[PDB]
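K.L.:
Residue-level listing of the chains:
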Amino acid sequence: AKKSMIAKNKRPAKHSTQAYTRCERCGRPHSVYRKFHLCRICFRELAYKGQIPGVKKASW
Amino acid sequence: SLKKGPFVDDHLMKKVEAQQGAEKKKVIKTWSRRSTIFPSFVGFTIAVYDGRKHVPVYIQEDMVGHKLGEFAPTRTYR
Amino acid sequence: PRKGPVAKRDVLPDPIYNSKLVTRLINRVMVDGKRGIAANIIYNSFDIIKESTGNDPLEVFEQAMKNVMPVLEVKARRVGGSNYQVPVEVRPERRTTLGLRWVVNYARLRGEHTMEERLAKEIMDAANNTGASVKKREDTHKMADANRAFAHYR
Amino acid sequence: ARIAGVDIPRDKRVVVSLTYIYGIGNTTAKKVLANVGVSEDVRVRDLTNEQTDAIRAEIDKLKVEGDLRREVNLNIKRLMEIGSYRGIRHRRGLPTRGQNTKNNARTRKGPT
Amino acid sequence: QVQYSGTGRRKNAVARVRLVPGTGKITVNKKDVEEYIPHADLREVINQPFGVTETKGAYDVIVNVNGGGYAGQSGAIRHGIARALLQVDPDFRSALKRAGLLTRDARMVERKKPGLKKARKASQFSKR
Amino acid sequence: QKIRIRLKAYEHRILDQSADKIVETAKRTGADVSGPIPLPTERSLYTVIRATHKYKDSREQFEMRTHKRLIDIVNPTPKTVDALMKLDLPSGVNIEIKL
RNA sequence: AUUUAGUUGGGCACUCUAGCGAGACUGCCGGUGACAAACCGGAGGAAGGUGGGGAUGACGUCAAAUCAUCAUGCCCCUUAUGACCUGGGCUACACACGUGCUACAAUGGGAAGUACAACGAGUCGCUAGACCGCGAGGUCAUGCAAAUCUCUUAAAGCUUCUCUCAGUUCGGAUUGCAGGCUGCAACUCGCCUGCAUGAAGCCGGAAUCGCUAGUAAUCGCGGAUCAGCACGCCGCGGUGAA
Ligand SMILES: [Zn+2]
Numbered sequence: 002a003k004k005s006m007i008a009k010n011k012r013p014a015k016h017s018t019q020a021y022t023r024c025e026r027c028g029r030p031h032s033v034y035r036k037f038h039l040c041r042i043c044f045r046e047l048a049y050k051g052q053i054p055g056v057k058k059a060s061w
Numbered sequence: 004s005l006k007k008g009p010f011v012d013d014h015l016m017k018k019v020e021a022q023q024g025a026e027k028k029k030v031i032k033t034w035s036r037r038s039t040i041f042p043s044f045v046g047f048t049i050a051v052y053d054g055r056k057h058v059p060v061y062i063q064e065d066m067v068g069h070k071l072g073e074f075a076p077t078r079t080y081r
Numbered sequence: 002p003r004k005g006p007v008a009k010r011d012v013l014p015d016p017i018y019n020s021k022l023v024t025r026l027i028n029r030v031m032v033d034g035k036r037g038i039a040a041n042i043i044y045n046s047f048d049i050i051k052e053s054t055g056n057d058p059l060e061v062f063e064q065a066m067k068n069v070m071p072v073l074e075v076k077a078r079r080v081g082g083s084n085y086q087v088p089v090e091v092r093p094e095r096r097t098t099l100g101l102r103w104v105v106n107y108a109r110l111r112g113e114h115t116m117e118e119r120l121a122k123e124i125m126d127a128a129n130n131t132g133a134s135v136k137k138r139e140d141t142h143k144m145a146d147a148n149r150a151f152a153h154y155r
Numbered sequence: 002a003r004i005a006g007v008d009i010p011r012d013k014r015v016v017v018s019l020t021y022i023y024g025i026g027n028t029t030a031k032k033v034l035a036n037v038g039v040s041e042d043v044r045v046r047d048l049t050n051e052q053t054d055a056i057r058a059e060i061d062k063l064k065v066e067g068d069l070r071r072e073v074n075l076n077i078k079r080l081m082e083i084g085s086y087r088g089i090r091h092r093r094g095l096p097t098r099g100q101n102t103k104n105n106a107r108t109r110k111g112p113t
Numbered sequence: 003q004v005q006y007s008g009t010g011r012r013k014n015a016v017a018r019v020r021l022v023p024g025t026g027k028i029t030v031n032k033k034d035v036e037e038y039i040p041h042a043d044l045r046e047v048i049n050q051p052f053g054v055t056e057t058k059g060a061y062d063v064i065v066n067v068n069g070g071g072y073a074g075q076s077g078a079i080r081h082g083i084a085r086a087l088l089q090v091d092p093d094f095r096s097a098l099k100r101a102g103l104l105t106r107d108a109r110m111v112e113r114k115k116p117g118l119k120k121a122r123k124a125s126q127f128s129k130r
Numbered sequence: 004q005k006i007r008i009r010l011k012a013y014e015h016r017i018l019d020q021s022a023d024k025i026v027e028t029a030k031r032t033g034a035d036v037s038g039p040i041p042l043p044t045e046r047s048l049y050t051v052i053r054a055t056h057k058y059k060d061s062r063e064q065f066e067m068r069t070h071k072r073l074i075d076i077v078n079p080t081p082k083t084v085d086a087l088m089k090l091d092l093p094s095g096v097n098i099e100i101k102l
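Residue numbers (the UniProt record's numbering), protein chains in the order written: chain A, 2 to 61; chain B, 4 to 81; chain C, 2 to 155; chain D, 2 to 113; chain E, 3 to 130; chain F, 4 to 102.
The set of hints was computed from the structure by calculation and includes no laboratory data.
Quick list of the computed label-pair ranges, beta carbon to beta carbon: (1) A/11 <-> E/121: 45 to 53 Å; (2) C/31 <-> A/22: 43 to 51 Å; (3) B/76 <-> C/31: 54 to 62 Å; (4) D/31 <-> B/55: 50 to 58 Å; (5) E/120 <-> D/49: 57 to 65 Å; (6) C/111 <-> E/57: 39 to 47 Å; (7) A/38 <-> B/6: 36 to 44 Å.
Here's a subset of chain E near chain C, in silico, CB distances under 7 Å, partners left out: (8) 41; (9) 43; (10) 46.
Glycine included, every Cβ here is placed at the ideal spot set by N, Cα and C.
Taking the hints into account, I'd like the entire structure generated from these sequences.
P.N.:
Below you can see the structure in the form of structure tokens.
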């Protein structure tokens, strides 16, 4: 059903309290970093690929 | 908690004032889940939708405070 | 623990009477990272003690202590795999440990609505051999040598 | 019997004892005493016959009685006899917000 | 003129001690040493450097401080004293070391770790 | 005087060499330059549960850092002004000419 | 030197910021040891013997988990199991269990004065200041895209006074009434405030869990998702034992 849903958000919402966040490449509804617009796992992986400027692993 | 006046949706007000002249038609179907009760409603008969069926209920005097949704409970326990 | 014994973290002396024992007792009243309160009840109890029968907050303290610190202890050991409890030659330090432990704990149940009257009365009664802590040490010594017969050649 | 409706104790502190009566919380006593101009006095109350009348007068300006319950009773009565889900669950105890009742009986009935 | 300094650090608190000839005294942030300090009679703690060298007076102390709790920074002035007395005579440092109170206590709060409620606390855990 | 420049990047080598370049372009023409002032280096933090369906134990946390520099100059002649206007490289670190 | 003040003059000493360096390697001393490896103690030193902590998870076991992040063989639906909208669910309650928070008070309850951190967030957002209402808040206005301005003087702490051992001035679940905020809209199904009422509950069986140090115990701060809603989770710091 993910296609109808993904098509839903690209429109202007019916009311202001309806515009939520959802990953771009994948489509997770939950837990999307609204600084990057990635889901939880997609950012996890793409960090490995050296394609997000910034992010590394944090040891301290 | 709405000290800028109460609220009832317009597609019910116009449909409840339209009887103020003559007698009232026994039926006012609605959604019946966002409207408090105003003094202009006493004596009517509004059916109340519970997501499944509309529930016909009249209007008394003290039954004027709360919202419309407190008469068709969507629980059905027993 | 398993390899070998380990160090023991000695304390500093007190800023009034300069006693390692005094600090070692202040520590055994503190509850939940809150110290100053313990020092306050210690000092107030000490003054109360010195008030009636003024000799010293220290000397009568050591009197009550030597009234308490035991000399034996039942040490449950299954050399014969059974419920053998063998009287043990208690060490020096653990003696003081148990002294303070019995004193504070069993004094906590004395029952003065007042904050520190409980302690002061307890050690003052112990120095004169009246009170269950004295009875506690005597009970330990009466259960020791109550079975030293079959539990000594070990 | 004793001094205001009923239910006043002896040999207590004043402001605390004035809360005892049904309907008087803590702010009520302090404001009442303010309108007389008094204090603790002291831990065994030793009021004067005039101060007693003063407080008996200033209290009779409050809806709080041995009768406040009648108003609450009739209010929940008007509730339970019109609709009323609130009144219906008030035949079985649920609040102004609900709390997903699968422990919310341990304060109302002792369910176990 | 003549002035003597020395720093001290404990539990991520730091004090900037200043020493000068006086009567034996310390003004913590333009305040008497018994103001910044609470009830605390951990003042023998603070004079403890003196109880071994320049026994036990008498210089004065200007002192700034910031960070940590009271006990932390209180212990953290103890070491500016050591370093200052060290500035006077490098003939004292042996008797300081033997009595210690010269190296910086590196104990501090622990880096926690994800999955545990605290730095080491493990949640209660049903057996079966 | 009336000019300064901030720096915000990740690897310190590029920041430091940009610093050296701008100090050349400043103290070359005129003088009264300020050194590469360090700065608090803001840091971020995140926490990703390192699984895909369950096991909220296995966390995997990442981070971000932003080193900074800062350099002001006094008496900027028309020469070094226009040299600043033309200097653009490197292109890994973002600078910003500011009064 | 002067002002309310490090502010403003004056300075970069210190503190701090942060790059490059330096530094711990059984390096020297004694001893034990087949002279080896290693081990016990010592000096010096900030740290001595993997200084403390983290990241880092070998071959494989468990047909463990996941077609519901994504992908995919095969099987299947196809005027319907595909699709649009309103209303309700996922919040249902005779009951059994796991995890947590507040408690059963005198190291306490209340009232009044009094100081000290650290990590981070900020443009349609953090609100300065002042005014109003006891409160949740409102009004006008002020800086801040940053070591400047704000969240934000941290709370336990320290000093006095009152309360006297009681279901108590402890406990504040529950409930009546009147309000506040966001929200097109808070009955179902938000958070918070004031008043009023004031439940069980005075340290918990058999059994069973965690923990070797700045730990356990205890007290606050911040932010992730996010109009709004945290006793959860992710970090920080204060006090400080056996
Ligand atoms: Zn994604």
